[PDB]
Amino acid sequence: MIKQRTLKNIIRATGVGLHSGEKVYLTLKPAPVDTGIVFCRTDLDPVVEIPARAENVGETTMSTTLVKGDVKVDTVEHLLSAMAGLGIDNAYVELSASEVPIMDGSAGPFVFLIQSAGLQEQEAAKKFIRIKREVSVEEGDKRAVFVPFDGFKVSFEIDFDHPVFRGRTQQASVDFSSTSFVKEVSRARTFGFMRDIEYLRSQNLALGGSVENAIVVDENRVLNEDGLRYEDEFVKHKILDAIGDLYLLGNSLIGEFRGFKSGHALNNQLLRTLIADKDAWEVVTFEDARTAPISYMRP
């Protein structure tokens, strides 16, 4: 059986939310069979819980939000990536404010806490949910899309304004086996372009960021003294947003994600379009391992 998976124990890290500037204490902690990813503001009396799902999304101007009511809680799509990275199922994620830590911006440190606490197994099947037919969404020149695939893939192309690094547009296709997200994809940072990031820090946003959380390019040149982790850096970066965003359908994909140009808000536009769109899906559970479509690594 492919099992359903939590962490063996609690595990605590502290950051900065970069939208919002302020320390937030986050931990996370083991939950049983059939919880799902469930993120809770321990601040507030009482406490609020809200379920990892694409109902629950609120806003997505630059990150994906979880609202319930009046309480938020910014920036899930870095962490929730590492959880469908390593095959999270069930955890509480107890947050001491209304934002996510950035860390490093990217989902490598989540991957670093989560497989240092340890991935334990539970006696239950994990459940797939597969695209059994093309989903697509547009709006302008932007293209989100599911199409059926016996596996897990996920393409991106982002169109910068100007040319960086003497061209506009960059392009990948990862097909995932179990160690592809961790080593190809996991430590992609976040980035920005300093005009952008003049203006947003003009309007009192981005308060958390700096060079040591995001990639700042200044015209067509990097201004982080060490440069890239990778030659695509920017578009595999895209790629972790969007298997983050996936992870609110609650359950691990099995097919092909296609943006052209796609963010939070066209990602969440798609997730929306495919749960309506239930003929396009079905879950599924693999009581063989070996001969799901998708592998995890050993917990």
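Residue numbers count along the first chain shown, from 1. Whichever C-alpha set is largest while still superposing within 1.5 Å between the two forms counts as the rigid core. What changes on going to the form deposited in another entry:
- The only C-alpha among 199, 160, 149, 112 that moves by 2 Å or more between the two forms, given a superposition on the rigid core, is that of 199.
- A movement of the C-alpha atom of residue 178 reaching 2 angstroms or beyond is seen between the two forms when the two forms are aligned on their rigid core.
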Given for the second form:
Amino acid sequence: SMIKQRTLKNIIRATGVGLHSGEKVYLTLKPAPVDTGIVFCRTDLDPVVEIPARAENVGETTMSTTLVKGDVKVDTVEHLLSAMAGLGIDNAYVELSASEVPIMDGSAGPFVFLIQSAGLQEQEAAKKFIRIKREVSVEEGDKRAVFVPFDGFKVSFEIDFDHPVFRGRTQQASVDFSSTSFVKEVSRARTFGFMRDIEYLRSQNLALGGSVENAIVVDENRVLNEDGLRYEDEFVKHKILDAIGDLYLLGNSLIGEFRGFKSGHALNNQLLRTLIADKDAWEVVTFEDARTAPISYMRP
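Structure of the form deposited in another entry, given the form deposited in one PDB entry:
No partners, no molecules, just the chain.
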């Protein structure tokens, strides 16, 4: 059959804390109708404030991707959006009782598990993809983010940390999702930060909730997490996870390839804004036969 839009089959609930705010937050994922997209809702406010997870609503990009509307914000959407992109969720309401998505274990793993436990539901409408037709590149300083045409979905990333835990390590990775599993090889990669910075970050109301329980905490010459890493290249794989979530602010899955060099949330969003504006570089496509498409999804 055609590749169909997907929503949630059952309501999902999670409790956690914001990485940056440290605030306890209740998260509720609900089914939504066709062509809704992913919409965040601050249900602690009355009336609620609803913010579509779209590039035009990105307001701040310091230490996370932040959605803004009116006077209010939804912080740190990127790991949840990465899970939703990886599983092919088109339509959902994401209710939050506070300004920041819970960090969980620092990865997209817990979201992926909660969603796959509830199950997905295909809907009677064709799933829309954005296909890259022309290269689109943005740079600032030594940072670069590029979309190139590609029959599939592929993400590559390079980091370059002048730090003894990173020098001599795997700081480049490329993941082609026709041959590598998002769930198994990307979703569990945790966020990371540096112990040196924590007093400074907290002085700025950043990382107020961060610890070895929800992040890889890197000290001057060692990783502090006594239980170790999930992947030898967990740092760069997390940057790929971040990129997938930031890219999903396009509002549809991509057919194409992303390459990032020291990119971060700010430049990811500048790439999306440039792509959207460069309309002859992309097109919206659907697939009447899942068998012939360049991307495939597991059963809902």
